[PDB]
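Q: Next come the chains, spelled out residue by residue.
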Amino acid sequence: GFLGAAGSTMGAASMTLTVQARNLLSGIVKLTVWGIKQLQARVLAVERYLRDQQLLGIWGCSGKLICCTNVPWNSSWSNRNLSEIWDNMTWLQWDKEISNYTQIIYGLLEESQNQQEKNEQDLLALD
Amino acid sequence: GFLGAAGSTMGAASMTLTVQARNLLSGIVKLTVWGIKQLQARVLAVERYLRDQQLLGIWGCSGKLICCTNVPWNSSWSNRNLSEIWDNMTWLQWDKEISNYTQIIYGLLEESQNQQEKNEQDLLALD
Amino acid sequence: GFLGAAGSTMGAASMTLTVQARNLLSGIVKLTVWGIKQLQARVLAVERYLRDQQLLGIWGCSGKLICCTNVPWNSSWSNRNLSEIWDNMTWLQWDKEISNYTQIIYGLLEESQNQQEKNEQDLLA
Amino acid sequence: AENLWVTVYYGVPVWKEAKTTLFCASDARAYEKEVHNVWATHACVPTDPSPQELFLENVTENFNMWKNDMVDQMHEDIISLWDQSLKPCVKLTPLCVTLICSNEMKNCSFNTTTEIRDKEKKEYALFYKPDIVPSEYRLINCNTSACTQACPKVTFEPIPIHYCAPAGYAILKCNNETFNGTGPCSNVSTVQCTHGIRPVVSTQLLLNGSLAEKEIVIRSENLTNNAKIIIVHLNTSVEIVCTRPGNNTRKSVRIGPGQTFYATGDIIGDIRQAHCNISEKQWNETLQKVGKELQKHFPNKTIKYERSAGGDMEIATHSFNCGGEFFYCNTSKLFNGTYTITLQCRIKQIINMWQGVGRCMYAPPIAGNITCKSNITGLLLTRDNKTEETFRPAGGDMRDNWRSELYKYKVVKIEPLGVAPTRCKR
Amino acid sequence: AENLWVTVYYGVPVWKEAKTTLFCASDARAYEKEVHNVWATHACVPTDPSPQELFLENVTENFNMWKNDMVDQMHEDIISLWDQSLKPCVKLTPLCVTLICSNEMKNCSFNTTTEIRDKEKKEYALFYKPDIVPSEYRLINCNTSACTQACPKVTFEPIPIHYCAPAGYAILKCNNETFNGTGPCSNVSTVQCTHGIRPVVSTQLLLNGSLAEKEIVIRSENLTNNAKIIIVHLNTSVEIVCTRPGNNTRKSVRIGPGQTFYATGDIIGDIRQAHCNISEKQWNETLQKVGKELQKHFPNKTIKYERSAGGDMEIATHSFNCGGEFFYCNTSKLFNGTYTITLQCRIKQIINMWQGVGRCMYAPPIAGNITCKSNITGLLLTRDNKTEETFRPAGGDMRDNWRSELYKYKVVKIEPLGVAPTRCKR
Amino acid sequence: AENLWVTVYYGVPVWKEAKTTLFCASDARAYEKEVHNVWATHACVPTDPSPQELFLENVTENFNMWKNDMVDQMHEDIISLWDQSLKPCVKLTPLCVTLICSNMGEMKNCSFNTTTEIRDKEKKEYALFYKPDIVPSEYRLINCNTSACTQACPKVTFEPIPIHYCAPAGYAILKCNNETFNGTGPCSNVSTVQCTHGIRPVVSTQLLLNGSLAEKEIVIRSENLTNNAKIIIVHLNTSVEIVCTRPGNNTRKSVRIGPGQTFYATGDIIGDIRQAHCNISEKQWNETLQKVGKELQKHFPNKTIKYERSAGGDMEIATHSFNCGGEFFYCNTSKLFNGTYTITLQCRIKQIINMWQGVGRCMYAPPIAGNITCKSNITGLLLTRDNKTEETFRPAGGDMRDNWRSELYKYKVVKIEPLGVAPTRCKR
Ligand SMILES: *[C@@H]1O[C@H](CO)[C@@H](O)[C@H](O)[C@H]1NC(C)=O
Ligand SMILES: *[C@@H]1O[C@H](CO)[C@@H](O)[C@H](O)[C@H]1NC(C)=O
Ligand SMILES: *[C@@H]1O[C@H](CO)[C@@H](O)[C@H](O)[C@H]1NC(C)=O
Ligand SMILES: *[C@@H]1O[C@H](CO)[C@@H](O)[C@H](O)[C@H]1NC(C)=O
Ligand SMILES: *[C@@H]1O[C@H](CO)[C@@H](O)[C@H](O)[C@H]1NC(C)=O
Ligand SMILES: *[C@@H]1O[C@H](CO)[C@@H](O)[C@H](O)[C@H]1NC(C)=O
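Chains as they are written, first to last, in this note's numbering: chain S, 932 to 1058; chain W, 932 to 1058; chain G, 305 to 429; chain V, 9 to 434; chain H, 9 to 434; chain U, -10 to 417.
Be a bit skeptical, because a hint or two may be false.
In the DSS-like style, the derived pairs of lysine-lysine whose C-alpha atoms are separated by at most 30 Å in a straight line are [said to hold, decoys possible]:
{"#": "1", "chain 1": "S", "residue 1": "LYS968", "chain 2": "H", "residue 2": "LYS129"}
{"#": "2", "chain 1": "S", "residue 1": "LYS961", "chain 2": "H", "residue 2": "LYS41"}
{"#": "3", "chain 1": "W", "residue 1": "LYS968", "chain 2": "V", "residue 2": "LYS130"}
{"#": "4", "chain 1": "U", "residue 1": "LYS97", "chain 2": "U", "residue 2": "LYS416"}
{"#": "5", "chain 1": "W", "residue 1": "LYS995", "chain 2": "U", "residue 2": "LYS416"}
{"#": "6", "chain 1": "S", "residue 1": "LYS968", "chain 2": "V", "residue 2": "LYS27"}
{"#": "7", "chain 1": "H", "residue 1": "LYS129", "chain 2": "V", "residue 2": "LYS99"}
For each label pair, taking beta carbons as the anchor points, the in silico distance ranges come out as [what the hints assert, rightly or not]:
{"#": "8", "chain 1": "H", "residue 1": "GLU185", "chain 2": "U", "residue 2": "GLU23", "range": "51 to 57 Å"}
{"#": "9", "chain 1": "H", "residue 1": "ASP126", "chain 2": "V", "residue 2": "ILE374", "range": "27 to 33 Å"}
{"#": "10", "chain 1": "H", "residue 1": "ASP126", "chain 2": "V", "residue 2": "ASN383", "range": "54 to 60 Å"}
{"#": "11", "chain 1": "H", "residue 1": "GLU69", "chain 2": "S", "residue 2": "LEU1055", "range": "49 to 55 Å"}
{"#": "12", "chain 1": "V", "residue 1": "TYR136", "chain 2": "U", "residue 2": "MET93", "range": "31 to 37 Å"}
{"#": "13", "chain 1": "W", "residue 1": "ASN1019", "chain 2": "H", "residue 2": "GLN60", "range": "47 to 53 Å"}
FYI, nobody ran anything at the bench for these hints, they're computed from the structure.
Just so you know, even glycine gets a beta-carbon here, dropped at the ideal spot from N, CA and C.
Just need the whole structure built from these sequences, with the hints factored in.
A: Rendered as structure tokens:
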């Protein structure tokens, strides 16, 4: 069910994860305001989903849902022990904690993906 | 050409498969009803295509066109022999035959991808 | 920055290549005409982008940004030396030259991916 | 096989019956696309559709017309476009004034406003008798609703418009020449955009439509039912000409702001009755052929044609829209026989759109004498041996005028994803 | 955890505060969805929403009703649909004419136009005194703006409409029965879209609304302020009945082109005063219970109820809209006490839309004596021991009627992408 | 190389100069964004665009102004938006009534019968109407011969707000930084822009007002100077201050018609009567005219140059016009243009204003109480080329488009299609 594990721990909510991806697009859906005021909502939903998918595509993880990646986890981003978060806290608490440092992670992650793309294609383009 | 093998056998229509998937988006395309009644069609076409692509991506087959999967084919879904369909039937007849049991297959696949990536995740993370 | 390497050589602008991919969708964005004329613009922005991604999907390169292929480069497509373009020419100059022969090489890749797909599919089928 | 595994194919060619909104594409070649032809570029794709190709082998699909979607979509589109066309201009409400008329055409005079609202002047104009209801007279519309003049720059000429399927659908066609309208058509072919369709409106016969390559076709739901309308496609057309030899004149009278209104002035020269001419040899030959064909479906009875059902003149007469003028011609002389010609005609200016649902229109008079040359291609009949033989022309619905062109066509929705078994493993 | 590595999870249950546009969804079962009920199928989705489920464990969210915004969207919807409904009908500007009246109901007569604008005739009709301002009289609207008749096929029946969230959002609900409106609610559950909300408009009471399962709730943002309006919820409803025993009659008078205007004819039979009946046993019990509950928040003072503030009759009187007619009933006898019944009433025809912002409306008279049966469920008070005890019925914005329902609900935006550490490595 | 293979790069920086529809972005700071400034938030993005940056190296492309897109889209936007603004108000059709007038020669005192709130009753009213708006003792309003007027009802303000034009998703805007750019030919100093600096959509004939100068000395622009028909557009190195006034202390009265549907008109002139005039500093004006003559002497080889009076014709074409606080001027420019290679100009005002393209609907600008001033910066001139005849220049105008094509000269629109094929050593 949708949001069926919104309160469970990080180790339990990480199961499935297909319900949260299927809902973001699907649904039931003279000149009248109903027209424009529904088409705007639909186009915003599509654009948000495509920004998310593109952002996954830049990191090489498109097609996957759980995607390992090469970027160190500096302890300054989390003083809490890294084996405790996975069976104690809810995902919301994690978002509240780590929403501060997001753009640093994304900016570093782009270049860390480039250091898997460029070298692998220079394996033959330069060799 | 588009729909150029709608009558041929399953083994013959399996060739190409780019024209019947490339056409689903492209095309030629004061307040007036023309505007709303064209934008609704555009957005519906886009949303249908994105639902198809997302459903292929949940099963791990995004990017592919012919994609093998690990789900057994119980004989109860087809009494007719499984080496005869590929050179006798037409895809229309196949759709009419199997459309009864489709949601079972989709439900099985939507979980049999998480089971697939469970091994990869445990190998590359749990170690 | 966007178009930050529009003038540099082919081997210099080949770095990054994500400023040009992250911009094609993002942005700031009673019945009035201003409503419709924005929705006409937005739907043509997303539909143009999906037509590009779908075209990389058939060629097998969806997810990739730099993607090798298996269609040889006949010398008739370019008399200019093939190790000189990568450190002398601007990407625009490359576009104006080889835009004549675009649909040939596109058509080959449309089948040269389905060709190896069949061999992969027939490896077990 | 020993053991198999599910496989997923994308881009499979399978379809389902669909229900969607079809675009409209014009076929103009000049500035007429922007000059409002009702169906102008202001409401449709400009021009140049693709050709039609891709015959399919071994396909079969069960067509039907009498429950088809395209006809209702086109009817609603036609009504909406028409209503959008008439709204911006006048607003003929000032003319609901007491008219003093004397003497087909009555010379009516009335008081009206000049550019200054506080001043008035007398004007005179000729109004046709059917548009007048009583030596004091008023227009018929003031009892019912306000009229709106069909202001200039609008042309009623039926240009052809191609219908096309939106992104993610396709159009299927029947190529079987003697396709009677129902049951599986095997010679199926795909179409991007339909052929040219002339959206004419005309009761008791069909004008400028599409013939059939093979011999005469007959179509209906259930010929055992006496009520349903038969639609006949002729193997070859017959040539019909209509004229209004009176050399009319138009005068403009202004009302309030810069808001004019045209009316028929005095008849220069002599007066004559508008009439239509049909070649009698071709008409007799075609009527005999249709009588020959009809004997097959009704087993070996005599067949005859009789005068129309009567009633309202619009239902009881054949009407065009020639040169921006509306006719009502008597077809009694046409239908008289068993298994040249001149028809008297009368014209109107106050037109209720012939669904009876559209709003009132005043068709402005057109100067000069009008000529209107057309190809008749189809007939509308209703089955009444002494009584089963007689056939009565009938009509009243504009839908049946178009269900004779959109009979070959069906709309399908693609379902590209499909699952099949074969040897596999991830 | 020796040296961990970033991992990216997509499709993860996290959310934020949101600002979006909700879709309504009617709940009709027949062609009433197409008969313009203002919120008909012309406005939004026809019917059949999904059930409401998915209780969430251990979640906590901090609701608020006074900072909420769903009521804002719905008020804008209310105004927009009202304007859209009144637009394509008259326009009673011809009636701003000198009226000669003689004797509540004054018999007024006036000159008007027949279908021919050059001719005129006398007509008579009975107009209610509050709609008339001076033996020469005119309608009150001509000083302010043009009226607009609520033409037939437009019904004010408050059908329930469900508010459903667009693609990519979700709606959260509070199940704590004693939820006072603010502070964290733990028994949270997800709803695709809300229970049926009857969009009535009334003043000094709530009609047909939603009760609360537990005992009487009292809600206000800041009770220490003497201006904030309390919105009480009764544990059990109180049955109310209203009637207009006079057997009225309607006559139609035509104006200009095809265009009509209904007005009250003569009173057939005897004349009687429209009244309302409230069961006094239940009313005294409920008033006593509400007094008992209010005594908690204000520390151990006496509590009394007194007559309304007064002023404009709309603000100073309870007002129905049921039966297609607008009432204005006096509540003086209803509020008298400390910690059956008959109410006299008067009706109006010229209605300013009760936000005080929409253009004037003429509610046409309805033939036959009309009854109307409702449920009182909530009260709108305002706090005035000798003066803190007194409570006055309150009246005000249209929103306060509906913030009485849309208080359990919250709108959350979901952004499912989360970064977590673990022993991953590519 | 020995043998190479096709490689596909996505995100390549290549473009094609194309067509599209660009948004409009306002630059407001308060509820003025919701007070109808014609081009307010009701038709444009609210405010706060991004800065303009990312200079590009070694780029070159051929610009052009006389076949540009942005001018036509701006013109259609102006026409449609203005028309949509004027619809939801009167409709002054009741005023096509026989006006009895008797004459200060500019203002005629007219009286007429009009309806009170009761349509069956009537009363007399009086108001002063300007003589150009009247056509003959009997008189009627000018518009009744042509079409119905439409009062520019209050809460709409004609003040030119700066609006930025921001390109939609996918496209981008390119700019010329060459200071002496003459409108055509390849500009090397290129820099992309997210969206345009503030453009004041003013309207004015025979001169330019409040527009953008050029940092270097005076520029001269045209299609083909060898052709005498084309209009020259000049950008001044520095502005010259201009002031316009209407010292008469007018008054406004309201007369009600039918429902609650008012109509304002000029009452009685309190105090004394004076003629509206404009003031231009003659020192700066002589200096600037001399400099423009010095510049124009270059393109035309070593001839004398002179300036003569306007071509004449319609007063709108033959006179500089304003919109100053809801009032429209028509000032004579004869004294300005007299020379070779302070000042006071008499002016007259109108109330019945047709769209100065001649294509929009009639408008009635309501009178504004109190004496009104209007302070502006002249920045560009519109001339046409007529040594005895090639020396004389004539101020010219009449087209709305030429007033904006002086400002959108630097800009171009490009479509990005980033998918490129290249050869290199590859294999799947
Ligand atoms: C119609 O009557 C008018 C008189 O009002 C007269 O001047 C005119 O000649 C008449 N025309 C005809 C055709 O009888
Ligand atoms: C007018 O009548 C003449 C002779 O009947 C005919 O030749 C001509 O074509 C008619 N006018 C038009 C426009 O058809
Ligand atoms: C109202 O007055 C009219 C006279 O105009 C009269 O005919 C009618 O009977 C009166 N009706 C009542 C109810 O007094
Ligand atoms: C009319 O009055 C009678 C008796 O008062 C009542 O029974 C009836 O219901 C009333 N009419 C309607 C429509 O309610
Ligand atoms: C204009 O004429 C009216 C007479 O209708 C008079 O009352 C008024 O004083 C006159 N005003 C002026 C400025 O002459
Ligand atoms: C009115 O005139 C005086 C003196 O001419 C001037 O100072 C004042 O600014 C004028 N009024 C306005 C609103 O400018």
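Q: Hint by hint, note whether the structure agrees.
A: Now for the hints, and whether the structure bears them out:
For the hint linking S:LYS968 to H:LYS129, the alpha-carbon distance of about 48 Å lies beyond 30 Å, and the restraint is violated. With a C-alpha separation of about 17 Å, the suggested pair S:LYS961 and H:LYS41 falls inside the 30 Å cut-off, and the hint holds. For the hint linking W:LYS968 to V:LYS130, the alpha-carbon distance of about 48 Å lies beyond 30 Å, and the restraint is violated. Between the alpha carbons of U:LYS97 and U:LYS416 the distance comes to roughly 90 Å, so the proposed pair goes past 30 Å and is violated.
Pair hint W:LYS995 plus U:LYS416 holds up; C-alpha atoms about 19 Å apart against a cutoff of 30 Å. For the proposed pair S:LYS968 and V:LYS27, the alpha carbon gap of about 24 Å is at most 30 Å, so the pair holds. Taken as a hint, the H:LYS129 and V:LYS99 pair is honoured in the structure, with Cα atoms around 24 Å apart against an allowance of 30 Å. At about 42 Å, the CB distance of H:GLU185 to U:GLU23 disagrees with the hint of 51 to 57 Å.
Taken as a hint, the range 27 to 33 Å holds for the pair H:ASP126 and V:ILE374, whose Cβ atoms sit roughly 30 Å apart. The beta-carbon spacing between H:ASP126 and V:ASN383, approximately 48 Å, falls outside the hinted interval of 54 to 60 Å. A hinted range of 49 to 55 Å holds for the C-beta pair H:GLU69 and S:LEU1055, which are about 54 Å apart. About 57 Å separates the C-beta atoms of V:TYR136 and U:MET93, a value inconsistent with the hinted range of 31 to 37 Å.
With their beta carbons about 49 Å apart, W:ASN1019 and H:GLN60 fall inside the hinted range of 47 to 53 Å.
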